[PDB]
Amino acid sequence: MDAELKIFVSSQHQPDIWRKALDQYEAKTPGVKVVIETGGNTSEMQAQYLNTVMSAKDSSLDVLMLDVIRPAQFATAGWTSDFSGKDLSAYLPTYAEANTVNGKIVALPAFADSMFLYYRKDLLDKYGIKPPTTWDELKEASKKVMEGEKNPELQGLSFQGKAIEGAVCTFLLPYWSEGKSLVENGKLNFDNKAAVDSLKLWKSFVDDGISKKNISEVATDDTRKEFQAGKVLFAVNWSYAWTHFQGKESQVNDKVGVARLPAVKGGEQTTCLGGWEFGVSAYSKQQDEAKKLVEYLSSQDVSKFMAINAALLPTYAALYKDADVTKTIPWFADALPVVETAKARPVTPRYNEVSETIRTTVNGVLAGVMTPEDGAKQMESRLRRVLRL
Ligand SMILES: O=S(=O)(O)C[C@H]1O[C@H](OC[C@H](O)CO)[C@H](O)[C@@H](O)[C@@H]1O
C-alpha cells in the first residue's frame, strides 16, 4: 500500500509551491504520497492547533513545519523524533544551533528568515529621499511623501500590531536597537525604560497619522497585501513578501526597494531572526518514511527551489551566491549578513507564555486600552513568572 504522509504547512507559507517540490518527491519515490494539512496563517494559531493534536497524541500528522522559536518546547515535550547523531555542519550555524536542544537535534532547517524594510522606491525617488536609517528619519520621510501625494489611501508605515507572533518581533525591534536584551546569560533582564520607549514608538506612529488608526488589527500578511496593493510607503515584513510584490497579482512590480530596518536614534539597525524547520511527529506511525521526506525537503536542492520560486531565504550559505538564486532575486546576494546577525527571540520551552504576554501588551497599547507605562509594568510582572531570574 501507499504511504500517505501528512505534512503540516501554514496557509501563509505558499503551500502551492511546496506542493511542486512534493510532486517531484512522489515522482522519484514509489509507494509514497504526500498530502498537505493546512495550518493557520500566523505562528501562534499554528501553535494552538499543534498543542491540541500533540497533547492528544494524535498519530495523523507525520511531518510538522515549526517556527524557529519552537524547538525548546517540542524537544522537552518529547513531541518530535530526534535526528541526533546527524552532522548539521552543511547548514548555516545560526539554524544548526536553533534546532539543537540539550545536544538533541529536534528538526532539520526548512528555510531562513529575517525582517526587512520594504519601501516604495518610486515614491522615495520622486521626493529625493534615501532609505531611512532611523525611525525618526522614517517618520519625516513619511510626512513629506504623504503631504506631497495628498492621497487619502496612502499609509506611511505598515507594521504588525495584531496580537500575533509577529507583534513579539515588533516590540523587540526598538528594544534590541537600543542595545538591550530580554535574556542575559539565561536570566531575564528587563529594561523598563527601553520597554516603555518601544511601546511609545509604535504608538507614536499611529498618533502622528503615519500608520493607520487600526494598526492593532494588522497581521503579517495584511501588511503584505496592503503594500502589494500600492497603499503603503514603508512596510516591515519578512522575505516571502518579495515574491508576491513581484508576482502577477501586484500593483508594485519593479517599484520596491529592500533595506535593513531603521534603528532608534543612537542605536543599531538590528532585526529579528525568523525561519522554519521540519520535525517528525513523535506520534507518527510513519517514522521511517517521514524522516526520509524531511531529509529531502531540507536538502540543498529544495532550499534552492524554494528561494527561487517562493523568495524563502536559504539555509545553505552557498545558495546566497548561487547564480540562479541571485539572477531571480538579486538582493538575496546581500541578505546573508542580515540573517547571520539577526537577534533571537528567547529560547525557552515556555515560549508560548512569553509570546502571549508580549503580543497582548503590544496589541493593547496600540488599541488604546493600556498605556505604554502600564504595558511595560504588566509585561515585566508577567514575564518574571515564566523566565529564569
Ligand atoms: O507567524 S507570524 O507571521 O506572526 C511571524 C513569523 O513570521 C515569519 O514567518 C511567516 C512567513 O510568512 C514565512 O514566509 C518568520 O519567519 C517567523 O519566524 C515569525 O515568527
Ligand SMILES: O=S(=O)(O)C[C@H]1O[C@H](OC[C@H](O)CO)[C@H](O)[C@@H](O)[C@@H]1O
The other form holds:
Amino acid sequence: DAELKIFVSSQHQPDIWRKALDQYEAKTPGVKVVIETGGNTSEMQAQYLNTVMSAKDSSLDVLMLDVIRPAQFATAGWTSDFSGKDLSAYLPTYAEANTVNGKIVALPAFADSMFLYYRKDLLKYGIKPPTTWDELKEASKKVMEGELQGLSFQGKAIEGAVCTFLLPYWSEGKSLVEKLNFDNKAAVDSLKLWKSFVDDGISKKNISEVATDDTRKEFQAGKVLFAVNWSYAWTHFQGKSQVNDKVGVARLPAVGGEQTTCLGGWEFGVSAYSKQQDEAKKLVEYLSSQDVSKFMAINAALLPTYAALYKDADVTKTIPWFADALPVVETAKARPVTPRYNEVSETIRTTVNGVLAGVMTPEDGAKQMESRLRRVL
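What about the form deposited without this ligand, after the form deposited with this ligand bound?
Next comes a single chain, given without company.
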C-alpha cells in the first residue's frame, strides 16, 4: 500500500504522464500516484526540488530530472541508486549518462538530440546534405551565391553553446571529462570553427546573440539554409511557419572525424529521502519501459528512448519524421558526467559566447576554459 508523489513540471506534459500512471495503478493494486507540478508559478516549479531536497523532505518519491543532472543529484544525496540495473536496451549512450561511481542513478524518460535541420528545396543546386563542416561551407557558398543565413547555431552564453562547442570536439574523438582530459588543439579548433562561419559570412555577425528559439523562429521564417536545433522545432516548422514540406533532417556534420550530436531529454530518479524506495523504483521501471516510451511517443510526441520504437509502425503512422530522427539520435554523445556540471557548463558557454562576440580570441578562450575547468576539476 503506497501513495507515491512524482514531480513532473508543467512544461513536461504531466497530463499525458497522468494517463500512463492510470494504467500503472489499474494493474498495481494498492499503489496510488499523485503528480506534483512544483507550485503555482514557473519560478516556484524551477525551485521546487532544491527546496524539498535541502529540507530532506521525505514526501517526494519520484522526480523527473534533466539528463545533465544525474551525477550532481546523486553526489548531493538527492537520488537513490538502482543496484544491478542494465541500461543496455536503451539508446547506447544512456548507460554512460546514468552511471555515477559505478552505480545507475536515473532511468531514461524521453530522448532528445540536436539535428541538422535543412531547406531540402534549396539543396535546386544539386547538393546532397553535408557530412563535414567543409561540405556545409561549400554547400552554403553554392546556395547563397545562387540566391538568407547559411548556418544558424546557438552562440548566446546558454547551455546550447556548450553543446555547440562539443560537436567538433567529440568529432575529433575527444572527451572533455572521463576527471578533466583537456585537448588544447581540439578546443581551439572548435572555437575557431564556429567563429570561421561568422568570418566567412556563412553565419550572421550577431550569432553571439542567438538562443535556441531564435534559431527555431529564423529557420521557420525561411531565412536559414541550415539550422542546429532539438526535436520540438519540427512541429513548429510544419505548423501554421513559412517552411512547410521544405525541411530535411540530417546528422550533424563531422570535422576526417565522426558525425556526433548531443544526448538531451529528461529522466526519472527516486528521492534518497523517500520512505517508499521499493515501490518508487518499481514505478520508475514501469515509466521507463518500452511500452510506456511508445505510449509517450504516440500521445505526447516525445522522442523514444529505445531505437526499435523509431521503426514501430504505430509510432511512424502517428509521427512520420521519427523515422528520419533515428539515424541522428544513434550518433548522440553524453555531455560531461560530473557533479560540477554547472561550473563546467558556465565556463564553456562563457568562452564560446566571448569568442563569437569578438571579445576574445579562440586561443585565449581555450586558455581561459582550461584554466577554469582545472579549478573546478
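Whichever C-alpha set is largest while still superposing within 1.5 Å between the two forms counts as the rigid core. Numbering follows the first chain given and starts at 1.
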Conformational change between these two forms, one of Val236, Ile215, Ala290, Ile210, C-alpha moving 2 Å or more after core fit: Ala290
CA of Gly279, rigid core aligned, shift of 2 Å or more between these two forms: yes
Rigid core fit then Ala367 CA moved by 2 Å or more between these two forms: no
Post core alignment: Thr94 C-alpha displaced by 2 Å or more between these two forms: yes
Shift in Å of the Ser381 Cα between these two forms [rigid core superposition]: 0.6
